[PDB]
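Enquirer: In case you want the letters, here they are:
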Amino acid sequence: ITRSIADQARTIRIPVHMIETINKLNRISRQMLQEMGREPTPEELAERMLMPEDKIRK
Amino acid sequence: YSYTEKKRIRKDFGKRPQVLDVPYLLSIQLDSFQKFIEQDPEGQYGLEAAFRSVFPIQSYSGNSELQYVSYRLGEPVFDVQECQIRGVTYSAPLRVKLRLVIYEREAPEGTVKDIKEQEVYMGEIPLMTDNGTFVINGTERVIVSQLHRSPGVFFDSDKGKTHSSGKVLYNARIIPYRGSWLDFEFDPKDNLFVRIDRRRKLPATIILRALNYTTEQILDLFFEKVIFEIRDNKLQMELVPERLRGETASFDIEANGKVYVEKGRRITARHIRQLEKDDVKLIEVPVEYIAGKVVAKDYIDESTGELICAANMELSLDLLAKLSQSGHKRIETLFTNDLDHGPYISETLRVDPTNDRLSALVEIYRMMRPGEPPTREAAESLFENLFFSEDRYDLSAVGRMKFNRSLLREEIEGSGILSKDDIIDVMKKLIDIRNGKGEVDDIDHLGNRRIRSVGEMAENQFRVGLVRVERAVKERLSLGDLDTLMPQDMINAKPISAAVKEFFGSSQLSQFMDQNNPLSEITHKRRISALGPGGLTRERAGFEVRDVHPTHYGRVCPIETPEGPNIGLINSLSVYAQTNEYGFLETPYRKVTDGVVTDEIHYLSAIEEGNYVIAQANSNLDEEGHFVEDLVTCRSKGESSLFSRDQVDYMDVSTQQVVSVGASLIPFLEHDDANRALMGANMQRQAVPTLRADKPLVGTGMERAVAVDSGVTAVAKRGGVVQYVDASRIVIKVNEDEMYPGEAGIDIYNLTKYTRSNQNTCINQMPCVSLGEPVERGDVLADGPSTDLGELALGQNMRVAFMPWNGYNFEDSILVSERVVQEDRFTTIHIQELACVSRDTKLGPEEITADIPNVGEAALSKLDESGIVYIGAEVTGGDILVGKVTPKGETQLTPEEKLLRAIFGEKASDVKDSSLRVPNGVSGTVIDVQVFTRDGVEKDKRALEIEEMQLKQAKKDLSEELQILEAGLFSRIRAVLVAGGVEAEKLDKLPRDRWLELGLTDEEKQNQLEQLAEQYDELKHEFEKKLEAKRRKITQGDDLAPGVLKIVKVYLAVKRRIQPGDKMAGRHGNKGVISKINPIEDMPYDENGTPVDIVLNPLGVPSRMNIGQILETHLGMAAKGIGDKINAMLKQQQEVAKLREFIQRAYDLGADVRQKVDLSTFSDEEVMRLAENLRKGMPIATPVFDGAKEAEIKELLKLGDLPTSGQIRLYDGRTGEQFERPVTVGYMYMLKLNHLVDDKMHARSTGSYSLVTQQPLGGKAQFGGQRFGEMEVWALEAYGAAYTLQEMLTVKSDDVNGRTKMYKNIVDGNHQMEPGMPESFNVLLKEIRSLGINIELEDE
RNA sequence: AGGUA
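Here the protein sequences come in this chain order: F and C. Quick note, the first sequence lines up with residues 439 to 496 if you use PDB author numbering. Quick note, the second sequence lines up with residues 3 to 1342 if you use PDB author numbering.
If you're looking for bench data, these hints aren't it; they were derived computationally from the structure. Beta carbons are placed, not taken as given, at the ideal position from N, Cα and C, and that holds for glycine. Where hints are given, some of them may not hold.
Using 30 Å as the maximum straight-line C-alpha spacing, the simulated DSSO-like pairs for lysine-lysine come out as follows [unchecked claim]:
no.	chain 1	residue 1	chain 2	residue 2
1	C	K958	F	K493
2	C	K1035	F	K493
3	C	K331	C	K236
4	C	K1051	C	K958
5	C	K864	C	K1051
6	F	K496	C	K914
Partner residues aside, some chain C positions facing chain F, computed with beta carbon under 10 Å [unchecked claim]:
no.	residue
7	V79
8	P95
9	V122
10	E126
11	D842
12	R936
13	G938
Sequences are here, hints too, so could you generate the full structure?
Expert: Right under this line is the structure:
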């Protein structure tokens, strides 16, 4: 099911590992949003990942 | 008495004094959102209702329940101003108290452990502004209230389509507030059918079978039992003498032992009365009469239990013999009359294939979902959730109250889910209507249509969000831990907030506020839409809803609606109307005691109105509510008629209550055609704000109310003395009796100046007060756009003459003097927005810089070193505003380009120009520059400068407030210090900041000095923390969408003047386009020599029926004559006494006028203030239908020393020869509409083509060509137009090769075409071939 | 979406 959502649901191709990274980013964004209670700030998103931040926005 | 009124008193006509002040025109939206957001100690509208409906959420196994406690609104992180500046929504965080309770695991319920999450953030809800709007993306949006069919039961008549049988039918629809519709409809075979939603009809008894009802039970509940005693021979029957109505004698009607009516006779009222007075108990009846009867219940043998009769079969000789021999004595048959309860339920039971609950459930489950093998549990669940699930079916309070109202119950409340009794009552009512006893109900009566305001729609959408998050929570409670885990980690704010934002931002009923007039904003906020989610689609007409219903009187404005294909669907709510508690429309009426009309009011709803008789507002009353006519015109049942003055129950509160604000602002509306008045009211909302917005001379009295109630006017919240006046700031020193305990200080009003509206029109507020002026609550401190002296001032009052003038005013055209443009009046300011985004492309990040490759130095001149144009630089079309450049990619060069670069030594530039140019056709000054760079991205010089500017502005504001407050603090410090030993000599000469270094002996004064020193320290900390808090907002960047490095917003202010082509109109509906601006001399001029500013075609009056414009013109002559006389007196400066006398006479002049007179004003200052305000003319207020008459207008004209007829002979400008007979001149209020010719040009010869097709279209800078649709192709085909048609089709439309060849030929100076083939046809061929269809082009 | 004919 995850493979199907990754491939046949995205109009443009997105790799499965990239899809998993997106899901992790969204889950951590939800966590930070419900903790801070305001919004997901890109700085904390960069802090949680090993990912710089420009890669996060792209 | 308001000082704003003192500054200018509008002469108000009107012989009937109003007893009900105009309500706050935005009360609908404000009350709606207050009900939505305010806490409720009980189940009531708003968030509380949704939470208590969806909570508590029970887990699917686990005994882990989530319970709701309360909600709290966080204070918004940004106020309205910075929300508009930054383009972010103005919203409040939503935080909710919840508790997760885990019961005994596992045993019967009962709490074991509980954990509490406090103020969990589950999304941000848009917060309502004080103007009744919401800010969502920097644009101020309005949620239009929706008019939709009320939940409940509608007993509608089906007519016009009869299944080829005639005999129009009836159908009862149960419309839930939330859930599935229910339908009980008839067929021309007198059978009843049930439809859940709109699926296939089922026989009506199936729903009762699913409700566990026996056939005999149904017959008992519906039909009346008839008793048959088995006695004598072939039974006698117990006859009720009242039962026999409209029947023929097929049976001997006996009484007292003898037959009265013999068989074959016609039974009339005489026989009926004889039978009733004789009290017939039982009668012997022949078996032939019995053979057509139907048995109600089952009957088995009484000695062997053999079935011989069952429920619902016709009677016959054999069955009667069997039941007689079996041992029965009592037979219960069904009473079936063709005028009373007819054979509907019996025949429906006959059609019924089912006889038990299980088969009914099977049939329901199969009709709702085709096929779908009917699992018994699935069918039961479907049936229960269709109508008996509180989380799947709900009627709400409005639905329940309507449900009980249509069934005539004293209850007005109850469970939202239906019960079997309610369904049975609906069937009984529908059957009675079928019998003719009941009456149908209109689906257009305002009593059957409810208004969902902003709050109810928001609550419903929030309920939907709660439903989806409930699904998520219920999935999580079993997927996640069944033991202790913190509940904030299992609640998802994304769905609720996303859905709420979808509702508020992108919806059919969330619109950009039409913001070009205060009237426009008021109308938009008061708008009533029949469209939207759950309303009516535009697939209508459907004349019923579009047509005006008699119930609209006083509730909905009948004469205000768009003329497009939504006429009669987008209404405007009346002036006095307000939403009922249940969401219906109620209008105020003066309660009328039999003799005296009381001043008390009652808001009558639609249904309540029909019961009583309501008197017209035109009724003439002397003294305390006594009618002067014995028979006065009233309306009782929707039909107007004369009623004696002793039966009237209510009277209209005011003569203006049958229109909306837009309609009410039109003067002499009583003198205008409804069509043209509708057009005028629609156009009045499209007025563009004018730089010189003075006033309308002929008003209606709603100008002040509209200006004040709309948010565009800065109104003094607390009265006092004006301490400081500035074009940007107004500081008021509040009165002593209006300040809070302690030091409340000053009230500061920052004036919004030169801000882009939603129509790209300037909105600024100018201070209309001066230093030292005493103001009170409700006073107009600052006049907003299209507003002066607190009056609504959309257009301008101008001298107009009604005459043809060399045909320049031919159709509806206007001729305009050059004095108009010379006076710089009707000159509007258009503030348009331009955005240059520096993005991050894969070719390299874009950058903003002054140095642009291969551009002229003139472009570099207007930019700073940061690449941004200076604020205040004058720019025109094509000038560069932002120096954007994009990293140029790989470059392909033609051989000639390679040769040229080899020759000149030049090489390709590594970066391409992408600078934002001004679109051609527009000009103006750069008044404001906004720079948004996201946090984490390096700032540039211009952004730093702008941040410093706003930082110092906020710092200046804070410093002013702090210095006033600390000056008061030091004054009271000196007052305390001087007491308790004189210390006023040295202290007076010391600086006020050195006044806390003086000690004092131990006393109450010393303790007070210490407390005030601590207060000074606390004030210092308050200043520091406020500065820090606002500096955090200022310093931080804006979190933009991913991809854009920076955003540069530029505001262009175009001082766009009036010119030929611009659409100009009047309030009455007279329209037109300015033909030519003639020189001032060419204007026809009066004897005095004043040339007339505007010339109108008089032929447009007698055919548009709008005589009201003529009366407005005459009243304008009267007003401007009074103004000229008072101006002559002021120049002559006679004295206070003469001016006061003349003004008093002017105000007195009338008949039974409610104006109220002077002296109640100041002797000298106020008289001269009024004279200076009126020297441009005395504004006149003409109520909508209580307006001035011809006699009053003529009297006022006589006071102005002007011709009584209102016509003055004018001398032509060209020839200097007076026209034969006088011509009508006068000052008319004229409006410049938002249809400026500058916006209406678009022209192209080359530009935007399309991708899929080659049709030229696109671009907000240069648009496409004009659609040469099939109509124009027909027009060309009609002539012998062949080559022109081919040009329309191939060369200029779609043939890219032919288009290029034509352009080259025209440039080369040659005129011929390649026919070619339009690319559209090749697209058509390829797309047809994309199917399984061959299409080809064959040669001969 | 709103408005114009």
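Enquirer: Next, verify each hint and record whether it holds.
Expert: Status of the hints after comparison with the structure:
1. C:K958 x F:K493: Violated, at about 41 Å.
2. C:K1035 x F:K493: Roughly 27 Å between the alpha carbons, so the hint for C:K1035 and F:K493 holds.
3. C:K331 x C:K236: The hint holds at about 11 Å.
4. C:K1051 x C:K958: OK: C:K1051 and C:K958 at ~25 Å, within 30 Å.
5. C:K864 x C:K1051: Cα-Cα ~16 Å, so holds.
6. F:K496 x C:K914: Roughly 23 Å between the alpha carbons, so the hint for F:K496 and C:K914 holds.
7. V79: holds (7 Å)
8. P95: C:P95 check passes; min Cβ-Cβ to chain F is 6 Å, inside 10 Å.
9. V122: holds (7 Å)
10. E126: holds (9 Å)
11. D842: holds (8 Å)
12. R936: holds (8 Å)
13. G938: holds (6 Å)
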